[PDB]
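Engineer: What follows is the residue order along each chain.
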Amino acid sequence: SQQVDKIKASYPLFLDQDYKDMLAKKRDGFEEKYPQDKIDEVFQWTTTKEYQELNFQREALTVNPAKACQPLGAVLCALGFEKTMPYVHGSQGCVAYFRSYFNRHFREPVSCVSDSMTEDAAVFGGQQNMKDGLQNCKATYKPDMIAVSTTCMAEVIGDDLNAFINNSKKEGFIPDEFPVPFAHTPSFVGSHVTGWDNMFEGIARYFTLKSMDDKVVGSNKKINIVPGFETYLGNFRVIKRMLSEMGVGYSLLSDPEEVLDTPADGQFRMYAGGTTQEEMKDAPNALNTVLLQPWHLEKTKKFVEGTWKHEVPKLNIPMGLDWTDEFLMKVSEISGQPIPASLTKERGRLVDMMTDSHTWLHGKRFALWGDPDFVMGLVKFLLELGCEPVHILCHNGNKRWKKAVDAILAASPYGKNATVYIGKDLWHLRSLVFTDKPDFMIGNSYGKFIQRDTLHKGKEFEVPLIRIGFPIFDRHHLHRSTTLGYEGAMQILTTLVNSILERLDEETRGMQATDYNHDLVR
Amino acid sequence: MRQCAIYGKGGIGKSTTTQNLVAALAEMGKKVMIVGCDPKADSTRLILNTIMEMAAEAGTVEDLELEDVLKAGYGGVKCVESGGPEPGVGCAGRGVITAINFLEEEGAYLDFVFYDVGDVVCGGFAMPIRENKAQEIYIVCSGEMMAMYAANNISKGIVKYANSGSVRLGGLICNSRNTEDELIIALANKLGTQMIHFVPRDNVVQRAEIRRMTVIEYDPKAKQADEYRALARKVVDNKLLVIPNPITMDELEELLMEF
Amino acid sequence: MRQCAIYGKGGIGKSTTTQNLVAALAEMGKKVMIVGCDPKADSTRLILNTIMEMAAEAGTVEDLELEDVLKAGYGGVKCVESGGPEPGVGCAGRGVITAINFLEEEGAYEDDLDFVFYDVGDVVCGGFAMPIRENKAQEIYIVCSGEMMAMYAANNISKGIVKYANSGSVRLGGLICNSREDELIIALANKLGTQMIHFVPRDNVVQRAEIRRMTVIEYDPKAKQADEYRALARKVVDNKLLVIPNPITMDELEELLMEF
Amino acid sequence: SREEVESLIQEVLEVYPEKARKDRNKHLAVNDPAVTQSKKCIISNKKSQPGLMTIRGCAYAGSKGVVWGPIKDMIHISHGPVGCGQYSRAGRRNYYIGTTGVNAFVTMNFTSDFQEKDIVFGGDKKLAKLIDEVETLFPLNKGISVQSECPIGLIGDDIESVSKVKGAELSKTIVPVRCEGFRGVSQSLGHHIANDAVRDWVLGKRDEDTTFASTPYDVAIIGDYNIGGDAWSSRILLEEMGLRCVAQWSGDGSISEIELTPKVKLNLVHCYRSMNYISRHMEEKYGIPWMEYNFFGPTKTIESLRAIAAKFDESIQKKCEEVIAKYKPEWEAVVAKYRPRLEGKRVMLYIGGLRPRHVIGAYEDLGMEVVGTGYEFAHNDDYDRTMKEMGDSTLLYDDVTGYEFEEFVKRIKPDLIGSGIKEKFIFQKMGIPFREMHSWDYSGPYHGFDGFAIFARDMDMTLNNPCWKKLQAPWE
Ligand code: CFM
Ligand code: CLF
Ligand code: SF4
Ligand SMILES: [Ca+2]
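Residue numbers (PDB author numbering), protein chains in the order written: chain B, 2 to 523; chain E, 2 to 49, 55 to 115, 119 to 126, 128 to 189, 192 to 271; chain F, 2 to 49, 55 to 126, 128 to 186, 191 to 271; chain A, 5 to 480.
Excised from the complex, chain B in its bound form:
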């Protein structure tokens, strides 16, 4: 039943007696469900250290992954260029999913096409699909550039993207001078971040490889900035802000900040802003090139050092106090511009915030995960705050990365109860927060299920999720936050103390029970 002025949606509709009874008849009558005592026994066992050894002994099964496939990162990279249509060569299912995935995170439209390769194109090769697809996309959606990536099906069968695009131009499907950079992005290699690296390098190649003879390093007096797989709009914004604040001439290579944030003013804009073609062509003339997420920009680094002849600085991601200081001073060194009074003051304000809140942050234990750079900068920051990053998981991380983060953990007393796990998933981490319970988890939306599981064991065993990373599907407008710089560090710091205080207020809200510690001032 439904009362017209107090209409119930699924929750709490199904909690009404007639539905609850019907559901019980469905179960007892036709589901052949295991007895609750058995369901309860198996759950408790999935909580133990015994189950955890078994879980970690897996070599073929992956449950609840903390990563995605290459083409997704490729689409994001391509969206950072002016009026470009990300084009994925292969089957269409991939594209519907890529778009949906990014729609749900950014709450914005995401434009991307496929050339819909079907069973006969799998057998004959996707050459015809590439000819017509490039022609149709250019004629219909009118981009200035089409950036081609690939799905696994096209990678297995070895569709030569370079030959297919050249034959497309040769037969008159698209103009010979129409920009069509490409990158083979196999799903079965690396993850979404690798896709970004391959695509960026593919575009860099396209616009600079042939033209290197008239390039002089440092002649345009700018610093190139390569962001990497970035889903926080505030990160594009803070870097552009800090450099302009310093008077540093820069060029940000792959900037999707405008397309991923157009105004609802009455019109839909498929394309907005982005790195121009000329900014990519003029890129080798820069003083140097700073890669913001170096651990997944390795192929790009090799092309920049190899071909552009730039001495890319060994710099970590600018997250936290030290790495932001290092970034600014390196940028200062390279450009010749001094770090201004505004940034100096901003730094002291973050330190101020740290001295105000250290009491609640000290010794707080965290389980965390994400992409290698993000999770590494996060570990470092947590460590500067006096926190213990007990479980560090990076599904898509490699062995050298684990070494680097172990080195960082070794440098501080707060990283001594810490272990790094690469190639492990959220079902592995589910165990870790059960056997070696931390205070909070810092991760994406998939960790809401781990929180649900820990709460089923009991209120005391519940480990709360602090939503930082990608993807965030169950909260709104978090994609507008900043993770980079002092600005990002201040945001991260506030979220952590307030999550701690929120939780304390919750555990102390019991009348005459625990509320003796339900303090007005904290």
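I should point out that these hints are in silico values taken from the structure, not numbers from a laboratory. In this text, a Cβ means the ideal position worked out from N, Cα and C, and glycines have one as well. Careful, some of the hints might be misleading.
What the hints assert, rightly or not - Just a few of them, taken from the derived set where beta-carbon distance is under 7 Å, the chain A residues facing chain B:
id, residue
1, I101
2, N107
3, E120
Said to hold, decoys possible - When the alpha-carbon atoms are kept at most 25 Å apart in a straight line, the in silico PhoX-like pairs for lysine-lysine are as follows:
id, chain 1, residue 1, chain 2, residue 2
4, E, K143, A, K170
5, A, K133, B, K50
6, A, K315, B, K26
7, B, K50, B, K39
8, A, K267, B, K26
9, E, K233, E, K246
10, A, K341, B, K9
With chain B fixed as given, assemble chains E, F and A with the ligands onto it according to the hints.
Structural biologist: What follows is chains E, F and A with the ligands alone, placed relative to chain B:
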């Protein structure tokens, strides 16, 4: 009904002996069908619209009509070609996989079904020997180093699918180069099988080939024609089906050193 | 630094000739690298851990060192095998793509070689055409015979060349015939618009050496067949005829055959 | 509007190259409710033209995403690389009751996460090992499904042999589904492959079995995926009508329910497109008749209840009138409150293979008219059923491109649009109220009487929302 798969190096005349073997089969009054699953040869040109090309003309494979892909030739032998890409592109394996599925679902299946398969470089070229498909496998070879190496390799594939399901090696078929006879018998014994038949090198075969005919069609009363009839009768009556035991490269080299 | 690809029907002696040729080449003092990309054969057994097997063992290709895969053999010829699945399973085509990519990325081609030889299997898919993409092999030599299915294979390969030729820099350097067959293959080349770079005669010494894991050059430098491979090598080193082939019809083929 | 939609169609198509121009032309049309046969008006279920931003999914999305995925007590394995599995992980709201990770596994993502070596060497040995791992780690699962992603289909991985040997060994039902994404042209063939996998590996398990106690009133809901609890809100009515609902196909479905379905007296088919295949099969093998029903909105629910009850006796028919009368005050209250707030408003829809014609009556119970409707992947038999349910000079579009939909909306100017997440933020930008008609914009149910209340509430909150009056700046 008996489903059989024929593998073996192609540069010998594997498809030619497959079609000649069936021709004689038809001449005996046996109803046979040839399913071409080899991208390097034409498995039906001597007996006589591939599944892939016709599937594309109809939209997809689901719109395909078994009638647009089937066709009879000498002695009424039914013939279908799986189709595949033009050289250097696509995936011929998937073309075989798609072809075979279409035939299963469209119930294309008759005394014998003969699959003329290409090199087992992948999963798709083994589809003909999965559960409920070909039960007997014949490997045509010769006394050539790599021709024998090919048969031994194929045997390794037969082992994987034989342990899994029900398919066996029926024997070796020697396409003579006139160099040999004994060598292949020795290999078969090493493999634990038999040299079902030694096919002499008569030039009539080539005369027929150029005319687009098997020997049994071109000139029945010819000497070579009886050889194919004896091959046919031996395969019709063969009872020796086993799981091969492939040898090492060392064992093959050592065998060749004795001749 | 010339990169060459060798295609042809395997039942002939494709791998054996490629190796005897590279041996003659190394004998002239040329620095050569052989890249095995043929699942239906052993491409380096005569000159001497594949890339794919070594990769799996180490985790992934990214964990692979070039020294683990490259091994020097006769005449200092450097050998690399792509590797691939066992018979009837997996996808050998992708194995080739992966291996070549690894070689590119690991700077194997930039060591100062005179020649790189890809011994490729039958082009049944894009992966086995990896060797003829841009920045790879520029010269293609096809080993053939007077056999029908052997010449037809030579044509299919040519059609594949044509396709990648209109797209880039890859040409047909000619035909190599493994033993009036001498004339037949010459006409086949004229029809294709290329040449028969050399007619390798039939000689039991090749088998003698082959079964003993050697090329004739190593097995018996004084042999007459040895000089045949040295003749082929010189014709390859001095070859200047690179062309886009003009494939023929099976009808035109049955005409050529029927004329002999 | 009669010839204004034909000139619109031609004007929209003017932007495509010639090949795409001639193909899209036959995929767009204007309705004539006198056309029992849709093939001289619109063609469907043909491949998508390359590079035109189709909205379609793949066969895997159809198999794993919609048919097998909802089955709560089985472990469904996305076999291939990590992608498909992650993007489809809990994206569809196919509701269930169960303890996840213990006895239910719907919101979880089990993958074989293929790496290069699994592509090159093959992954059958990896699959076999994975199956042993889900057994020690998830002992309470009641079956396993193996959902093929593109690579499995090219590489020729013999997954049915693995399923056969591991299933016999572990005494488990393991279902291999050849639903690799490049097969077919959309999600649709994925439905078909899935239905076939159900009959070949699960449906006949309890064939010689006579243990189940049958009743003359036994029925099965076939094709209700329980989005937002849609199926539960549908079976409350069916069971209050005296019927016994032995099975729910996929929505909150269990494997035992599926096995028990051949034991029923009638198959009630909601989603015709995805499960007519298994229903037709159940008619020729078990003799079970099937009929189509619509539980969207009061006019349709009432009609459906009456038709369904007419297949049984006088006691069920009497209870049918009891239920119609019980809910009459309630749905009339909803109509009295929201219809005046919604009357005369125009809606354009573009959904999958059933909702574009199924939600029409519910919109019309609120006084709204659907001026345009279309499907991503329907066949002509769905379009046949669409002609009666739509108005006369209205727009019909099969596998609409991003371009076409945007421009059709610019001409027509509907007050509300109902489609998916990939077009939601496009039209909100354009100032047009949007409701997700796939995920119900995280609301639901929309089925039955209680669902109608939520549907009306939702159309009203979005259409008459105060934000739509503020898209333009007062200074321009
Ligand atoms: S888009 Fe239903 S034929 Fe299928 S997931 Fe949605 S209009 Fe599907 S009703 Fe259904 S629960 Fe659906 S909404 Fe048939 S199941 S492939 Mo996307
Ligand atoms: S049609 Fe391979 S991993 Fe999964 S998303 Fe793909 S690139 Fe990435 Fe359908 S079966 Fe899947 S979503 Fe085939 S691959 Fe797309
Ligand atoms: S090796 Fe086989 S499965 Fe792989 S792309 Fe080639 S034909 Fe297809
Ligand atoms: Ca938005």
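Engineer: Each hint should be assessed against the structure and marked as holding or not.
Structural biologist: Going down the list of hints, with the structure as the test:
{"no.": "1", "hint": "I101", "result": "holds, 6 Å"}
{"no.": "2", "hint": "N107", "result": "holds, 5 Å"}
{"no.": "3", "hint": "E120", "result": "holds, 5 Å"}
{"no.": "4", "hint": "E:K143 - A:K170", "result": "holds, 21 Å"}
{"no.": "5", "hint": "A:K133 - B:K50", "result": "holds, 22 Å"}
{"no.": "6", "hint": "A:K315 - B:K26", "result": "holds, 24 Å"}
{"no.": "7", "hint": "B:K50 - B:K39", "result": "holds, 19 Å"}
{"no.": "8", "hint": "A:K267 - B:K26", "result": "holds, 18 Å"}
{"no.": "9", "hint": "E:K233 - E:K246", "result": "holds, 20 Å"}
{"no.": "10", "hint": "A:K341 - B:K9", "result": "holds, 16 Å"}
The structure is consistent with each of the numbered hints, conforming to all of them.
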